[PDB]
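S.K.: Once you've looked at the hints, dock chains E, A, C and H with the ligands against the given chain L.
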Amino acid sequence: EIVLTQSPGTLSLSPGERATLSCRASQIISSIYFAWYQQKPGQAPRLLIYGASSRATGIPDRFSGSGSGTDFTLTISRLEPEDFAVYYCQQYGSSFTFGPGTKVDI
Amino acid sequence: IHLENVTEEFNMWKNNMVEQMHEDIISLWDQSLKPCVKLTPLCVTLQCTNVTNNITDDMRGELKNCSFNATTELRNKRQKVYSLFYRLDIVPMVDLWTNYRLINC
Amino acid sequence: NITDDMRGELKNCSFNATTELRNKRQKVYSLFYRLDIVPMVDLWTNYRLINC
Amino acid sequence: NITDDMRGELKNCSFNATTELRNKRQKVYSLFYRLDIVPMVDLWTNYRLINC
Amino acid sequence: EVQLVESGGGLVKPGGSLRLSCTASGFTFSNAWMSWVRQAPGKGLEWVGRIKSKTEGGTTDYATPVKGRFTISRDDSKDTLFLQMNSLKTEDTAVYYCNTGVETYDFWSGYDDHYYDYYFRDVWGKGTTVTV
Ligand SMILES: *[C@@H]1O[C@H](CO[C@@H]2O[C@H](CO)[C@@H](O[C@@H]3O[C@H](CO[C@H]4O[C@H](CO[C@H]5O[C@H](CO)[C@@H](O)[C@H](O)[C@@H]5O)[C@@H](O)[C@H](O[C@H]5O[C@H](CO)[C@@H](O)[C@H](O)[C@@H]5O)[C@@H]4O)[C@@H](O)[C@H](O[C@H]4O[C@H](CO)[C@@H](O)[C@H](O)[C@@H]4O)[C@@H]3O)[C@H](O)[C@H]2NC(C)=O)[C@@H](O)[C@H](O)[C@H]1NC(C)=O
Ligand SMILES: *[C@@H]1O[C@H](CO)[C@@H](O[C@@H]2O[C@H](CO)[C@@H](O[C@@H]3O[C@H](CO)[C@@H](O)[C@H](O)[C@@H]3O)[C@H](O)[C@H]2NC(C)=O)[C@H](O)[C@H]1NC(C)=O
Ligand SMILES: *[C@@H]1O[C@H](CO)[C@@H](O[C@@H]2O[C@H](CO)[C@@H](O)[C@H](O)[C@H]2NC(C)=O)[C@H](O)[C@H]1NC(C)=O
Ligand SMILES: *[C@@H]1O[C@H](CO)[C@@H](O[C@@H]2O[C@H](CO)[C@@H](O)[C@H](O)[C@H]2NC(C)=O)[C@H](O)[C@H]1NC(C)=O
Ligand SMILES: *[C@@H]1O[C@H](CO)[C@@H](O)[C@H](O)[C@H]1NC(C)=O
Ligand SMILES: *[C@@H]1O[C@H](CO)[C@@H](O)[C@H](O)[C@H]1NC(C)=O
Ligand SMILES: *[C@@H]1O[C@H](CO)[C@@H](O)[C@H](O)[C@H]1NC(C)=O
Ligand SMILES: *[C@@H]1O[C@H](CO)[C@@H](O)[C@H](O)[C@H]1NC(C)=O
Ligand SMILES: *[C@@H]1O[C@H](CO)[C@@H](O)[C@H](O)[C@H]1NC(C)=O
Ligand SMILES: *[C@@H]1O[C@H](CO)[C@@H](O)[C@H](O)[C@H]1NC(C)=O
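Protein chains in written order, with the authors' numbering: chain L, 1 to 27, 27A, 28 to 94, 96 to 106; chain E, 84 to 141, 150 to 196; chain A, 137 to 141, 150 to 196; chain C, 137 to 141, 150 to 196; chain H, 1 to 52, 52A to 52C, 53 to 82, 82A to 82C, 83 to 100, 100A to 100O, 101 to 111.
Pulled out of the complex, with its shape left as it was, chain L reads as follows:
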């Protein structure tokens, strides 16, 4: 299967700061198959960024990101209360697996 890991496991940033998250695929899966979700605890996950680029419908413009082979990144230009959630990256490399979940905290 496809294994994704995340770093740092927990982020500790104040609202207003740039809460950048990173993750890694063990497999080299093209960025076209990359997605990054935000899961508020108790809720279904919500896609932020797909194709390691394009923004999903509804999603605020504070969100952006990029990546290539195994190296992927998520940018929150300014952290807001709405972002204190667990984030997951996913790779659609014929098995759409996800990382363990990265917590954004203060």
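Read the hints as simulated data drawn from the structure, not as lab findings.
Each residue gets a CB set at the ideal place from its N, CA and C atoms; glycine is no exception.
Treat the hints with care, since some could be wrong.
[What the hints assert, rightly or not] Each pair of labels, with its calculated beta carbon distance range: (1) E:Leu-122 to L:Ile-31: 39 to 45 Å; (2) E:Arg-166 to L:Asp-105: 47 to 53 Å; (3) H:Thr-57 to C:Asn-160: 41 to 47 Å; (4) E:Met-104 to H:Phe-100N: 57 to 63 Å; (5) H:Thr-57 to E:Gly-152: 42 to 48 Å; (6) C:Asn-160 to L:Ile-31: 25 to 31 Å.
M.R.: Chains E, A, C and H with the ligands in isolation, oriented as in the chain L frame:
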């Protein structure tokens, strides 16, 4: 001309004057529309809601306030238009981001 | 199951067709005879209809 | 090289034209006589053809 | 208002069967591909599988660890998606969710595909359970 002593047999329903009248009226009707605007740019999905007015029970609902994106003079421009439609002129389909389309598209 | 005589004679093509509404498109998957299509602009799988 | 009598008579206009295919586009430019175009939406470079 | 109305979950034991399902609300499913993802308490998100519409041909894709005992099917006509479970393991307790992507292209003109407003909606259900 009165024809004082002429008796003749008539038979409506077998009278071919009827068929000619039928064909000429229809033909003229069609000819009158030849130079008129063809509303093909308007076969788009609509977003229909209710009318913001005092509507009596006999009118409930009978009218809808529909918005749509119309083409305009330039091909690289588009415009927002809304208008009122009778319920009988629209069909409750589409079921996407929007509600209803025009009956004959 | 294609006999030797028919290899390369038929192609299974997928195109975006217009629909009843001006603002919508659909995805149609049809068979064509090879003689009715032409490959184009150095793209391995990209074809257009012969007389466009 | 434009003589005085011709200053302002010709313009070099670029636009996006359709092609033989519904999903392919091309950049085209051409020269127009000033009398055939009209300025629009308060932009120095934005013109359209007189009869649209 | 694309909604997935999820139901049929409950308390089951491995020595049994369970079918979870989602029904379309607002927007239909015959024109959409759907999948299931599960999250055991304390765990991250695990993809179970994905089934395509009967259009491309009801083709399925499954994660290795759930094959055989977890299968996926569609009705399409009644807009209902199903996750069919039989002979489950003690490892299978999780909240299962259905989800779908909606790719909608608003074309400006019926003559030129150059001009459109494209929107991508990621839609998830509420989550129901499979237990041990
Ligand atoms: C007829 O029309 C066809 C329309 O199909 C569309 O094709 C365009 C490209 O032409 C795609 O646009 C590009 O998408 C890129 C990212 O999309 C990726 O992720 C999608 C996520 O969906 C997944 O997650 C869902 C849950 O979250 C899940 O439910 C779902 O099942 C899935 O797992 C994928 O769907 C998507 O795959 C599709 O696109 C691929 C190409 O990218 C195709 O190879 C593939 O077959 C699929 O069609 C993909 O993995 C995005 O990164 C691109 O952005 C680029 O352009 C942006 C500006 O537009 C720019 O800002 C970016 O930087 C970048 O340059 C782009 O948006 C549409 O998503 C795709 N729609 C569908 C159906 O998904 C067309 O494919 C076909 O060729 C046409 N036919 C003919 C003959 O002309
Ligand atoms: C005509 O064209 C315009 C512009 O393309 C369409 O505008 C769209 O209006 C819808 C409904 O308000 C917008 O949906 C909203 O999207 C936001 C996120 O973007 C979401 O948070 C809201 O809940 C809602 O879903 C849509 O984004 C908007 N598009 C743009 C780019 O402005 C309009 O619908 C079209 N009209 C018809 C009848 O087709
Ligand atoms: C139909 O809907 C339009 C909006 O799409 C309504 O128009 C607006 O009306 C408010 C007052 O209530 C004005 O302040 C806005 O400026 C108007 N907008 C536009 C674009 O004109 C319209 O009144 C509705 N009509 C009916 C009969 O319900
Ligand atoms: C022909 O189309 C291109 C796009 O393919 C136009 O270029 C874009 O113009 C907008 C502003 O209207 C910019 O925001 C985009 O970043 C440009 N994109 C690219 C790829 O350059 C171009 O202007 C059009 N030609 C004419 C004459 O209007
Ligand atoms: C609708 O009826 C109420 C009385 O019930 C009246 O006060 C209001 O002005 C009316 N609105 C319109 C648009 O006529
Ligand atoms: C719109 O009108 C219909 C028909 O009269 C009615 O059933 C519906 O509840 C009305 N909706 C709103 C928001 O007024
Ligand atoms: C297609 O050909 C293969 C041999 O290459 C054969 O085994 C298979 O049964 C054939 N399928 C059909 C539908 O005839
Ligand atoms: C498809 O047909 C071409 C001839 O037009 C041939 O060269 C190619 O090898 C064929 N590919 C397959 C998978 O049969
Ligand atoms: C164009 O005009 C300039 C003067 O502005 C002149 O020097 C130049 O030689 C002219 N070009 C040609 C080809 O004669
Ligand atoms: C274009 O030519 C006119 C007429 O000579 C002149 O007034 C104008 O400043 C010129 N503009 C540019 C950008 O050269």
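S.K.: Each hint: holds or not?
M.R.: Comparing the hints with the structure gives:
1. A C-beta distance of roughly 41 Å is found between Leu-122 of chain E and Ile-31 of chain L, which places it inside the suggested range of 39 to 45 Å.
2. As the Cβ distance of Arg-166 of chain E to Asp-105 of chain L is approximately 52 Å, the hint placing it in 47 to 53 Å holds.
3. Between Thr-57 of chain H and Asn-160 of chain C, the C-beta spacing of about 43 Å keeps the proposed range 41 to 47 Å intact.
4. At roughly 59 Å, the beta-carbon separation of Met-104 of chain E and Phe-100N of chain H lies within the given 57 to 63 Å, and the hint holds.
5. The hinted window of 42 to 48 Å between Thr-57 of chain H and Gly-152 of chain E holds, with their beta carbons roughly 45 Å apart.
6. For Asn-160 of chain C paired with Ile-31 of chain L, a C-beta distance near 27 Å keeps the hint of 25 to 31 Å intact.
Of the numbered hints given earlier, the model fails none.
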